[PDB]
Structure formats: C-alpha cells, structure tokens
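Full structure from sequences and hints, please.
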Amino acid sequence: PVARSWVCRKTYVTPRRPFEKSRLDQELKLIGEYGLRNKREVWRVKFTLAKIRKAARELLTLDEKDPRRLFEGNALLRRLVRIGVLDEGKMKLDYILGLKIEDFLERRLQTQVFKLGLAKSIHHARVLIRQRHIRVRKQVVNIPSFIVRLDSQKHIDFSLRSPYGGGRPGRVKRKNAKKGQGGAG
Amino acid sequence: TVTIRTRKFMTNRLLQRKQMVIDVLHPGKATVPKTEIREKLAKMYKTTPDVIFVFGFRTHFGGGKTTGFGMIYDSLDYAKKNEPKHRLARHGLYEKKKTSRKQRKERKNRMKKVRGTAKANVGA
Amino acid sequence: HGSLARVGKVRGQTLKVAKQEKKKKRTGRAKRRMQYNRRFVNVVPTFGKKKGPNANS
Amino acid sequence: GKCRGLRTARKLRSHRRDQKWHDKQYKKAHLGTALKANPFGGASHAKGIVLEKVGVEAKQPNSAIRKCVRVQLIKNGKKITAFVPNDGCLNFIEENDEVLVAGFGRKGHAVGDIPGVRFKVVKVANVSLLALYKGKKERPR
RNA sequence: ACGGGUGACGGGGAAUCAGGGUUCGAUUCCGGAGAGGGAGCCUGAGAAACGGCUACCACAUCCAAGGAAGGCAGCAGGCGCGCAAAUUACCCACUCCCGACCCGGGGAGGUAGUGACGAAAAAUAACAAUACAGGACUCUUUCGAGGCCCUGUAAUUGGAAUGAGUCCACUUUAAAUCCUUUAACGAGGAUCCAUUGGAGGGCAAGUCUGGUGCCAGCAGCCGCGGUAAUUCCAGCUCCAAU
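Protein chains in written order, with full-length UniProt numbering: chain A, 2 to 186; chain B, 4 to 127; chain C, 77 to 133; chain D, 2 to 142.
It should be emphasised that the hints constitute simulated quantities derived from the structure, not laboratory data. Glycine included, C-beta positions come from ideal geometry on N, C-alpha and C. A portion of the hints provided could be inaccurate.
The calculated label-pair distances, taken between Cβ atoms and stated as ranges, are [to be verified]:
hint : chain 1 : residue 1 : chain 2 : residue 2 : range
1    : C       : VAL119    : D       : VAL57     : 49 to 57 Å
2    : C       : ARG102    : B       : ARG8      : 29 to 37 Å
3    : A       : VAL8      : B       : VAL5      : 16 to 24 Å
Below 30 Å or equal to it, Euclidean Cα-Cα: the simulated DSSO-like pairs (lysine-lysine) are [what the hints assert, rightly or not]:
hint : chain 1 : residue 1 : chain 2 : residue 2
4    : C       : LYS127    : A       : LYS30
5    : A       : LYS101    : C       : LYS98
6    : C       : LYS107    : A       : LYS11
7    : C       : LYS92     : D       : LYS37
8    : B       : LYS37     : B       : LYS49
9    : A       : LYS40     : C       : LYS101
10   : A       : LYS155    : A       : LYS93
11   : B       : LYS115    : A       : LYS155
12   : A       : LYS22     : C       : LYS85
13   : A       : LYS11     : A       : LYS101
14   : D       : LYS135    : D       : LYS54
15   : C       : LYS92     : A       : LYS30
16   : C       : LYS85     : D       : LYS135
17   : C       : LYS107    : A       : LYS30
18   : B       : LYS115    : B       : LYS101
19   : C       : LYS126    : A       : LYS30
20   : A       : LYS174    : C       : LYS127
21   : A       : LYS30     : C       : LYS98
22   : A       : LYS176    : C       : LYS100
23   : B       : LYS32     : A       : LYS174
24   : A       : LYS40     : C       : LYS92
25   : B       : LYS101    : A       : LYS176
26   : C       : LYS92     : A       : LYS22
Sample of chain A residues lacking proximity to chain B, with all beta carbon distances greater than 10 Å (derived) [claimed, not checked]:
hint : residue
27   : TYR13
28   : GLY33
29   : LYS40
30   : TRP44
31   : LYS52
32   : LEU81
33   : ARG162
34   : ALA178
Written as structure tokens, this is what we have:
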C-alpha cells in the first residue's frame, strides 16, 4: 500500500474510418486559420464538444420541473456562458446542441493574440505565447490550449518584464549593440 | 524594493507563539535568502531576529511572488523546548551524533549474542 | 531454377549507385502550414480533369 | 426468439448454451484440443534451436522455391518448419543458430503459396534480422 | 441430486459500448488461505503460531567423526522456469504503530536510482525588403497602369526573438536531486540536421527512370514477376500518423 493516485484519462478519440475523401480535406484548414500543430490538437476540441452534447440529450429526456434538470441545466449552461460560446439570450438548451467546433477554437489564447491589436499573423501568435511574452492579469501563460474567460479578455497584454514591452535590452539587440563597441576598439 | 505582507495570523497560548503565512513580492531578482527575510520581520514585530523561524517557500512562474509559513516565539528558552531539531540545526544550535543507521544496526546484533556484563566489551 | 545456391541473386547483382543530396526538411506546424497553402488558399479551378500531386503524364 | 413464455427463462437458456458449442470460433475456443496441438502452447513468441536449411516449393499459378528453416523449440522440444522473410537473409542463419519465432498473420492459418508453414522469424540471437538486412547491426566473430 | 473438470481464491470493480449485451478481474479496500511437504502442541485475553517449539518425509550448513544447527510466498539480491518484470542505495522529518514512554525502535512507511507499462502540457522556427507567379478591382475586344487588400515559394539580402545547453547563488529538504525563480556565456545549412511505414485495387499517393528475365523475391485477401514489371531490387518524386 502506497501514498499516490494512479488517476487519469485520455482526451481524444480516433475515427472508426481511415482513408476517406470527404474528411481528409476539412480538418486540415482548422490548422490554417488558427495555426494548430498536429491533428491530435484538433481531435480534442471535438471530444470536449462531444462530451457536452451527450449530457444535453441526457437532460432533454427528463420532464420539466424535474429538480435535477433545472439545477444541472443552469450549471451546464452558465459553464458555457462565463466564457462566451453561448450568448445571454439562449438560456434554453435546445440551443446548446446547434453549437459547433469553430466557437471553441477561437477562445484558445493563440487565437486571442491575433485578433486584439497585438500580433501581425496568427503563426506569429503561437510563438509569442511559447517564448513567454504575454500575460493575463500579472500572470504569464505559456500555453495556447488555455481556453479564455470572458471576464478576462480586456486584461491581455505584453508582460512588464519584456523587450516587446518595458525592460532592459535583449540577447541579440544588446550583443550587436555590444559588438559595435568591440569593433570600433 | 522588497516588500512583505503577512496572511492568516493566529496565536497559540498553548504552544507559546505567533504563527502566520508570510507572503513576498520580489519583481526583478532571484528568490531571497532567509537571513534577509528574518531580519525584516524583526521590525514588523520588534523582537530580535533570534526567536523567529521561517521554513518552506514555493515560488511563482513568471517570477514575482513566494509563499512561506514562518512562526514567532517568546523566549529562546522555549524555542529549543517546543520546536523540531532540524529547524534549530539550520540556525546553529543542535547537533545529532556521527553514526548513520548502517553502523548502529550491526552493533545491536552483536550485543544480542553476548550475555550479562560481558555486553560492554563488544562496545570498545 | 534455384536451390539454396541461387539466393540473394538480385539484391546482389543490382547496380548499387549512391543516394543524392538535398536541402534540409521541416517538421511540426511550420510544415503542415506548408501543405495547407498548396491545396487550398491559392489555387485555380483548372479545366476538366485534375492531375494528382505526384503526377507525370 | 421463439418460445415466448413469461416463465420460460430456463427453457430459453438451456438451448443457447447447447447451441453455442456448434459455434466454431468458440469450440475451437472451449475445448483443450486447440492448445494440446499448438507448438507455442499458448503464446506470442517462443525461441528454438535451428537444425537445417530447407527450400519449400510454392503452389500453383505461382512458382518459385521458398526458403525456410526447420527449428526445434525449447519448452516443448518440438520441431516446426518456419520461413525466413527478406531477400538474401538466409545467408544469415548458420546451422544450429538460435531464432525468436513468431506468428505469421491470421492465427493457425498460412499465407499465400507455401503449404504447412505458419511461423516466421523476428530475431537471430539478441539482435533483429530486420536490422541485419539494412545493415544497422553486423554479426559477431 | 451424485460424479468429474475449470489456464477457478471471493467481493468493491475493468475494457468494450444506440438500446440489449459479450469478455476480464494474481493486483494499493473488505473478506478468506498459506508460510518446502504433511502431523502436533508449550506460553497465553487473543496460535494449532511457525523471522516460537518436537518429530517423520523431500532437500540443505560446519566437524578434531564423538557431535551440532538450518525454512526471503518480509526489503534488497542471485541461481533456475522462460516470449516474459529495477538499486545487496537513504531516513524516522511526514504518515501511523508498539512500550515501563512528552525521551527508544519500525526495509510498515517516507525519499532518490533504473523505467518509450500506460496518462497529460508542449520545441525542430518567426518577421522585413529585392528578384519572380496568380485573382479580384479602376480601365483595356486583347497590350499595358495602379496593385491599395495581397496570395505564394526562392543555399537572394537583413537584422529582430527564443528555447536546447554550459553555470555563481538563493529556493527545495531529515540531507540531496528534480520543477519554480536569476546574473554570466550560448544559432542561418538556425549540422543545435524526425522518424516509422506505403503508393494496381479494397484504402491516401507516379501509367516516371536505371537492374532482374516464373529466377531472386513480393502479396494479410484478389494478385504480381513469362527479356517494354503502375506490384520484386533499387534512383528522383509523392501520401498518412508523428
């Protein structure tokens, strides 16, 4: 007997079919608009959607006024409305079903540095995140996957401690600034 | 520009001490040494640095902020009394003996053979 | 034609000439982005029958 | 279903058991004769002492002499015809060298031309004969 | 029923899933059993105990030949059975136990080592200008002009960034290591160089070159190879996971 957990799960399911012609074209432009790095990445935005959607059909089997459905209603909904996927005027949960993969893929921080007046291309953004430049209320995220809260969005910026913000000159600017002193002498 | 703030304060009458969660802000430099941290509490609580004990500091990604669980006592007399040994050894006032638990188990099982006031001769 | 004398015959008698050189390969998104362009954002709806991407007449 | 009663429940259940023994991919399963026969005895690989190199002819339409081996296993002390795969790799078995035999694709059912043969090689003493083909490791002297 | 068999310890559970189902469960929680193989008892509130005791059987350790003791399915380890599984490492600091105890002790437990058994985050580049190629659009039956919005691949040219790394000290802690923090140094082929498998059809991608001449081999099934092979052996190209 030991003092540990063993606990974990996977996050992605792989499609029953291999070598299709209608699917091989449509997952590869999810890699263009937003700038993802492999399939795996994509496959899990779905699995999280798929998960939401099966619980919704679980609740719709129940009657109205059934106290589980009301409570677990609210929760399932607000859980999509603190992060702006659903909108205020769709409390009702038919509306949860008619709800697709592109709205999740643009909450991801990667996409949230392309759109806000602080990155030139999208494929620049997944290299600003990972070179530890940008931050979200005095706290540095290093992780595109970060799904973003709708409370936060007005607080994203360049971190204080940075050459692309306030700070001291860098590795390669300061070296060829230091090289100009070494050359003239 | 090093700044301390305490957090969750309590007093044990029945262990003879102040305890609290010391909280640090340090933008710009490496995490800080404890003979600096101690002596900065000492005019937060106007004692000497001697009695106070601060251990454990987890730091924060992005740089900035660390979190400790320091505790302040009344007199030195008591400070040896009601507190661990390792958390005196650090401050230079306790020293355990010079045999790790290889030696000492070999020497128990040779006393276990010998009988009576013959047991003292196996030990020198 | 061929007991256990006749073995390795063709892996043997082929013309072992060397492999070539080329400029260095890329991986990761940086790659994938590469192919995303090829097949979508540019290209012309060319007349009639489409030739595959490894085509030679 | 055919015996529709409400308290039949066993009449119904003594009949399917009876039946399922007619099922093959099962009886082959639920008697001891499948594992009595089998060389590996119940297993995914099992090593053995080679003893002679042997060419087997292929069956018709096709023709071409196919290069095999005749192994004795350890555990059982049993004798199998095996089969080398790659081109020019038979020059790598010396007689009475040791090999890690495997299965061959479809479980107790051969592949293609060569009759009887259900087994094949992965290793030749601690290094894989795949590698030897490429040349990524070479043989000790 | 009785007899036999079971690659049978039981249960909380696991993998697969439209609904119904079919397999698995020696294993961190409960309940059973056993300490090479049977048998029997001393001490006790609590044993048919076995890191207690006395036999016999199978096996194994010394002798000055009369004698005498041995039992890792506890931790590390090692010989064997094999397709088949790690260090004779370090502490009571935590966690809890036992005792005459606030004070000893604990391979129970904690901590490092080996570990592509599985699960989760996630690098191998990004951005400017000069050649060059495509579509709006204002106009041109068609040349050309603007390319504002670009859209793209080119050992052309240019500096901005960073994580791999080397290394002072803080931190971590029973004492170390790891992660977290920080000065000093650290990239143009960014040699600081991604594989493993396939290209006739099922099933994504060459009727291309240069060998072999039912031979050598491929091919899970249908099949290939008959001296012009879309299939072997290989040269350039290409698809799918990464």
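For each hint, the structure was consulted:
1. C:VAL119 to D:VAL57: 49 to 57 Å: holds (54 Å)
2. C:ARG102 to B:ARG8: 29 to 37 Å: violated (50 Å)
3. A:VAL8 to B:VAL5: 16 to 24 Å: 40 Å Cβ-Cβ, so the 16 to 24 Å window is violated.
4. C:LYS127 to A:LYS30: holds (22 Å)
5. A:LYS101 to C:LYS98: violated (43 Å)
6. C:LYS107 to A:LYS11: holds (26 Å)
7. C:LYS92 to D:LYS37: violated (50 Å)
8. B:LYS37 to B:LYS49: Answer holds: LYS37 (chain B) to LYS49 (chain B) is near 17 Å, not above 30 Å.
9. A:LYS40 to C:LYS101: holds (20 Å)
10. A:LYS155 to A:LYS93: holds (28 Å)
11. B:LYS115 to A:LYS155: violated (75 Å)
12. A:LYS22 to C:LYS85: violated (42 Å)
13. A:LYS11 to A:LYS101: holds (22 Å)
14. D:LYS135 to D:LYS54: holds (22 Å)
15. C:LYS92 to A:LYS30: violated (43 Å)
16. C:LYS85 to D:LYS135: Holds, because 16 Å separates the two Cα atoms, which is no more than 30 Å.
17. C:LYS107 to A:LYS30: holds (14 Å)
18. B:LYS115 to B:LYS101: Given pair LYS115 (chain B), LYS101 (chain B) holds - Cα atoms ~23 Å apart, limit 30 Å.
19. C:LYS126 to A:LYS30: It holds: about 21 Å lies between the C-alpha atoms, which stays within 30 Å.
20. A:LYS174 to C:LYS127: Judged against 30 Å, a Cα distance of about 49 Å means the pair is violated.
21. A:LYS30 to C:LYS98: holds (29 Å)
22. A:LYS176 to C:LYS100: Satisfied, since the Cα-Cα distance of roughly 28 Å is no more than 30 Å.
23. B:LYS32 to A:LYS174: Distance ~22 Å between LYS32 (chain B) and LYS174 (chain A) Cα, so the pair holds.
24. A:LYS40 to C:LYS92: Roughly 39 Å separates the two Cα atoms, so the pair is violated.
25. B:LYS101 to A:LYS176: Between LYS101 (chain B) and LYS176 (chain A) the Cα gap is close to 52 Å, so the pair fails against 30 Å, i.e. violated.
26. C:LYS92 to A:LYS22: violated (39 Å)
27. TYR13: holds (27 Å)
28. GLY33: The claim stands: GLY33 (chain A) keeps its Cβ more than 10 Å from every Cβ of chain B (closest is about 31 Å).
29. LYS40: holds (29 Å)
30. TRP44: The claim stands: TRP44 (chain A) keeps its Cβ more than 10 Å from every Cβ of chain B (closest is about 28 Å).
31. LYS52: Given that every Cβ of chain B is farther than 10 Å from that of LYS52 (chain A), nearest at about 29 Å, it holds.
32. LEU81: holds (28 Å)
33. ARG162: violated (7 Å)
34. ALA178: Per Cβ check, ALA178 (chain A) is outside 10 Å of chain B; nearest 21 Å; holds.
Of the hints listed earlier, those the structure fails to meet are numbers 2, 3, 5, 7, 11, 12, 15, 20, 24, 25, 26 and 33, in rising order.
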